[PDB]
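J.: Residue-level listing of the chains:
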Amino acid sequence: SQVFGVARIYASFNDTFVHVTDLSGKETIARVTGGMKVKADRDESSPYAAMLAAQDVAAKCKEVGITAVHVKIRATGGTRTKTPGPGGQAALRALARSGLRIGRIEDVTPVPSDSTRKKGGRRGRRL
Amino acid sequence: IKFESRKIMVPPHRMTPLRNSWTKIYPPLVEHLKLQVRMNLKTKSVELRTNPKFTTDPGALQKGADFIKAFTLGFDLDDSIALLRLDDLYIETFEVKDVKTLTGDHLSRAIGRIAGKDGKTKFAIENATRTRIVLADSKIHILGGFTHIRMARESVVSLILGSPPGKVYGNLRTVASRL
Amino acid sequence: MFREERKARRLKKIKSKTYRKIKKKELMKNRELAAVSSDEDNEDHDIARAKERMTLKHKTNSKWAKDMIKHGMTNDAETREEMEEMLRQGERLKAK
Amino acid sequence: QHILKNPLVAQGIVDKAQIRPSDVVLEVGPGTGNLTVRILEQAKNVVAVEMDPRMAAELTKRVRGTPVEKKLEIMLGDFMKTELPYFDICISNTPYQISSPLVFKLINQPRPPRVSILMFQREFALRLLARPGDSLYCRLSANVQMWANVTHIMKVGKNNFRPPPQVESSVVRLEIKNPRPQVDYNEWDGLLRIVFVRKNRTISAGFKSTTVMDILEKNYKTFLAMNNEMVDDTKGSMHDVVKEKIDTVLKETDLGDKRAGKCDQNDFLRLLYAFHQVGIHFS
Amino acid sequence: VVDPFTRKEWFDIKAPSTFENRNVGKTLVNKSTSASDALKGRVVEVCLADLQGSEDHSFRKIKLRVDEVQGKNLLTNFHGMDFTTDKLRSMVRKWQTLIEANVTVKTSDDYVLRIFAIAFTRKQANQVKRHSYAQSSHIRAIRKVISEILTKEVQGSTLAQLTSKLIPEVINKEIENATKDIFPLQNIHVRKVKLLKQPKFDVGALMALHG
Amino acid sequence: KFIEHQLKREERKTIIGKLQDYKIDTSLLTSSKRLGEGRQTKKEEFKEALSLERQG
Amino acid sequence: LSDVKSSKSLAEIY
Amino acid sequence: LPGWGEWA
RNA sequence: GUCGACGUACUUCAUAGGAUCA
RNA sequence: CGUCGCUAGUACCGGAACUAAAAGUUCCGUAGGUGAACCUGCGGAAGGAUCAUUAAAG
RNA sequence: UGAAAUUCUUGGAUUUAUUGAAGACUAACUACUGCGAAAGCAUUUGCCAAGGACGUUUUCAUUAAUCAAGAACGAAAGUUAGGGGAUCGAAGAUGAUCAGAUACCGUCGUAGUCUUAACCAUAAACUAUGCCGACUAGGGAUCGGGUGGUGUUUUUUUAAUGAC
Ligand SMILES: [Mg+2]
Ligand SMILES: [Mg+2]
Ligand SMILES: [Mg+2]
Ligand SMILES: [Mg+2]
Ligand SMILES: [Mg+2]
Ligand SMILES: [Mg+2]
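Chains as they are written, first to last, in UniProt numbering: chain A, 11 to 137; chain B, 92 to 270; chain C, 387 to 482; chain D, 36 to 318; chain E, 20 to 52, 56 to 233; chain F, 99 to 154; chain G, 400 to 413; chain H, 788 to 795.
Keep in mind that the hints were calculated from the coordinates and are not lab data.
Check before you lean on any hint, since a few could be wrong.
Restricting the straight-line Cα-Cα distance to at most 25 Å, the calculated cross-link-like pairs of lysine-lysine (DSS-like) are [to be verified]: (1) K62(E) / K135(B); (2) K145(E) / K160(B); (3) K133(B) / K50(E); (4) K415(C) / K208(B); (5) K36(A) / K62(E); (6) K131(F) / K297(D); (7) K140(F) / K286(D); (8) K280(D) / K99(F); (9) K145(E) / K93(B); (10) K129(A) / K208(B); (11) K415(C) / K211(B); (12) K109(E) / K70(A); (13) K36(A) / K50(E); (14) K174(E) / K135(B); (15) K92(A) / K160(B).
Across the chosen pairs, the derived CB separations fall in these ranges [said to hold, decoys possible]: (16) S401(G) / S112(B): 21 to 31 Å; (17) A410(G) / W117(E): 31 to 41 Å; (18) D148(B) / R127(A): 44 to 54 Å.
Note that the Cβ used here is the ideal one computed from N, Cα and C, for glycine as well.
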């Protein structure tokens, strides 16, 4: 009576994705991103954008038959930041409020044992 | 309001403060949010659950978990309570090495520059930007409104890249007046 | 004990004049405000004055003062302050 | 902005310009007009290019009600964007940001000025003045020396400019060559660009770059096409023939093992002629 | 012009008999024009807590790959094991030495696999030193002991038997007993299992595993 | 120095004459400015295709 | 601008 | 401490 | 050639500090 | 309230018609530089302002 | 991006899952703690030689300290000739050139970054602090070795070791 999917949340600096797929991960159920729910490209990473995206997928998933999702939140990772941003945090909160049952929450950020060089250069980046 | 659970693992260096502040942590969780609170000493993880017969706000559980998580990262209790009070607060986290690959004394001085003498520089950013900053070694966490945490992040990052505290302080006054 | 060792080790490495100058100034205020230092008896002052007259250690005939003066390094403001700081300290011990 | 206040250096600049009484002077970066008044005193008429309308108005106020008032003309706009009138001499204290374009514009004017007195920062001027084999010899030096002759007038220090800049300055004289030497600018610059990516390596190593081979092969195919000879146009059809051509010309000219920074004008001309002989055209 | 889920069809995934709870959810795939080929090779990762119904395995995940299809039932087989990132970040702490070993070995089923085991030093009950660092000789000895143990259990067992050993964590206790005299340790865990190579598929050996 | 300079001038004049013997236009030839790029956009590819078609 | 810890707790400022 | 080790 | 580097000879800018009094 | 203007448009044979027109951080070594009052790559230094928490195999 | 635009994109981009290939680098543990003459050194296992300290009622018996000449090594960058070429990236090109806390940003990216055989011999190569030897206060932390205990724990037969 309780069907599980997996809700993958990719919280980058300039956008947030909310992707719901079956347990395997091959089949996509609904992909909505911050850009599709906002008029100005500045606010795509905004928490408000994530909430709209999360609500849209939550509504769509209920139509399909999915009633619960495991959250696998991740950041860009790699040589860049490893912790999900507020866009991801907002998406998680909206999904909980949607009534969709949250099964298990884990961070799956790609963390390198040791990586290539970072794009900044010797003097740094992100003035 | 279905039966759901959250688990938040407490790192060892935050267990003792959790003990002294437990008296002020379970009341708001169990009273306002109508959540079932517990700590598993065997796993050393704070466990929160929704009571289907009593809990009414669907967002209580996730709201509570973020509040526990904020205390876990190193934020004082009252600041963490702000997560329960409000609904538009988020935590930004990034490392020094993300900004600039600093090692040895360069990393130590970068942390010292952010904190400032007697923590003055950190408080200056916190007051001007209306945010709370926890400076855990090379790991920096910022708590506040989304637009606010970005402003604090830029002031912090300028300090990491080498900008002197004095110049960053003047910039804080300008943005503070704009706010 | 480790925590003081780590903090003591780090403060040990920083040997910038401005940093050490700020710490010294704040310390002299706290000791002055709390009166940690005992009042000097008249006999104590006389003994201190006696040594100063015996030696004359705080005049410009010292090696450092003579080196800075004779080579135009005291025209700069900062090194002049140190010379004047030395001279006023000598004058204090000369007071009766 | 940085404003000169030393009168001696301004007098020296205007004097060394050697303005004949029948000369029309293009004066870039008028500023307040300390140079402009003296240039007006000993010139047929002055055309000034000013970016700031306020400064142009102040200059007009200064020159108002003076015997030289009819002589002056002021153009408002960006110097690079404007299409300029005939001028015999150039005397500029323009912002250094447009230093390099300015020079080449003076070189490519339909009738280039016979003399120009230009102030640059010390590094840029020394690179202009650099001779083959010097440390600062660079593409700019070779190109400008082919199209002109640059000599050093004076060294202007930091104290003269208020507020002091972080870089020292120098006044140099640029004398475009008349008649213009008959070499296509595009091909000269193309050869130099290919050879000056690393000026202290062998020229052959300069031609070893894969993208350089791609460009040269495409140029060879286009050259064959213009001569009405049929060319396959595949990506790697002509790689092996062009490689052999480059090797042979480099060997016979004896320039394969000579560093670009130590090669003078005639060496590059010989290489250009050899490449034209074998059929490779650069730009 | 077509809603894709009109043509999709649902399939129920069933786990090996070695786990208590065989029902592990369901997936979807396009209806045959075949659905089996897309279904085969599909890998699903699930926490051990769900399969065993006990929160003692909250920090371990099992990857199972689909190998057979019968009447909407996807018969899967063990494919890998791993720890959750939060647990690993929890164990790795300051003021202690991390001892990690890996061994490549083939089961009795020609299942070539790679086992990664992790352990940490601990301070004694009466210890007063801040740190419990182990000298490199002790680390090398412990690593050798762990390698011999893991090779011994893997070689003398089948893949199903290997998983049956993995679930109760007997290997961790065996490592603790063997390494007791060398140096005190904590958080001894079989951190990860990779399945590198596979033998020829035998549907009988899968049906027997699924009963 | 003077005699060396004059000999160089004569050599330069001869070489420049021989260069006028071998001279063409440069509109179609790809400039060496492209050495750093190493990859082209579809706009650049389309421009090259149009240019080559015009060449025939 | 204040350089000391704010007495008001973050909930209070908001 | 209520809830320290048991459900509260 | 109001040329570059070096060598030599000079010029110049950075001096006030404490106490009392009005 | 009239005439010719100026801007935009439509037509006609410089000319002659019509319509619209709310404005007033400090550096070191090395290597480069063609929008160079200075920039950039790699390695290093402080001669650059340490707040909070911390036995949780408790 | 402060907002845009060069860029990719219904021939399916970004995102998702199962793989595969290449070249670098060894996170967390990580600590001014350890090692080396210095520069420097961090995944496992094996081989080759080298080394300080400690223990010794072993051996030689002044063989020693400092060092012009002379020699070995010498970060990064850089040159010669092959190999490799993932990331980042001097140079070069190109989009935008509006807004001062976010004011130098973006995209492509040659040489380089890596390696083999040779050159170069410079650093804030810093403790801005020559090498050898003797002496002049207390305290408790840590690393390596050694001695002592009728100390705790393990060896879950003892024990002996190991760890405290
Ligand atoms: Mg060690
Ligand atoms: Mg020995
Ligand atoms: Mg040598
Ligand atoms: Mg090579
Ligand atoms: Mg060093
Ligand atoms: Mg001594």
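J.: If a hint holds in the structure, say so; if it doesn't, say that too.
T.: Status of the hints after comparison with the structure:
The suggested pairing of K62(E) with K135(B) is violated, with an alpha-carbon distance near 41 Å, which exceeds 25 Å. Proximity of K145(E) to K160(B) is assessed by CA-CA distance (about 29 Å); at most 25 Å being required, the pair is judged violated. With a C-alpha separation of about 48 Å, the suggested pair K133(B) and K50(E) falls outside the 25 Å cut-off, and the hint is violated. A distance of roughly 17 Å separates the Cα atoms of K415(C) and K208(B); the hinted pair therefore holds under the 25 Å criterion.
For a cut-off of 25 Å, the pair hint linking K36(A) to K62(E) stands: about 12 Å separates their Cα positions. Restraint check for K131(F) and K297(D): satisfied, since their Cα atoms lie roughly 23 Å apart, inside the 25 Å limit. At most 25 Å may separate the alpha-carbon atoms for a hinted pair to count; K140(F) and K286(D) exceed this at roughly 39 Å. This hinted pair does not check out: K280(D) and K99(F) have alpha carbons roughly 36 Å apart, beyond 25 Å.
With a CA separation close to 44 Å, the supplied pair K145(E) and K93(B) exceeds the 25 Å bound. For the given pair, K129(A) sits about 32 Å from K208(B) by alpha-carbon distance, which is inconsistent with the 25 Å threshold. In summary, the hint linking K415(C) to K211(B) is supported, as the alpha carbons are separated by about 19 Å, within the 25 Å threshold. For the hint pairing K109(E) with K70(A), the CA-to-CA distance comes to about 33 Å; that exceeds 25 Å, so the pair is violated.
Pair hint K36(A) plus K50(E) holds up; C-alpha atoms about 15 Å apart against a cutoff of 25 Å. As the CA atoms of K174(E) and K135(B) are separated by approximately 34 Å, the hinted pair breaks the 25 Å bound. Our distance criterion of 25 Å between C-alpha atoms is met by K92(A) and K160(B), whose separation comes to about 17 Å. At about 25 Å, the beta-carbon gap between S401(G) and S112(B) stays in the expected band of 21 to 31 Å.
The hinted range of 31 to 41 Å is satisfied by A410(G) and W117(E), whose Cβ atoms lie roughly 36 Å apart. Checking the proposed 44 to 54 Å range against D148(B) and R127(A) shows it holds: the Cβ atoms sit about 47 Å from each other.
Hint compliance for this structure: hints 1, 2, 3, 7, 8, 9, 10, 12 and 14 are broken, all remaining hints hold.
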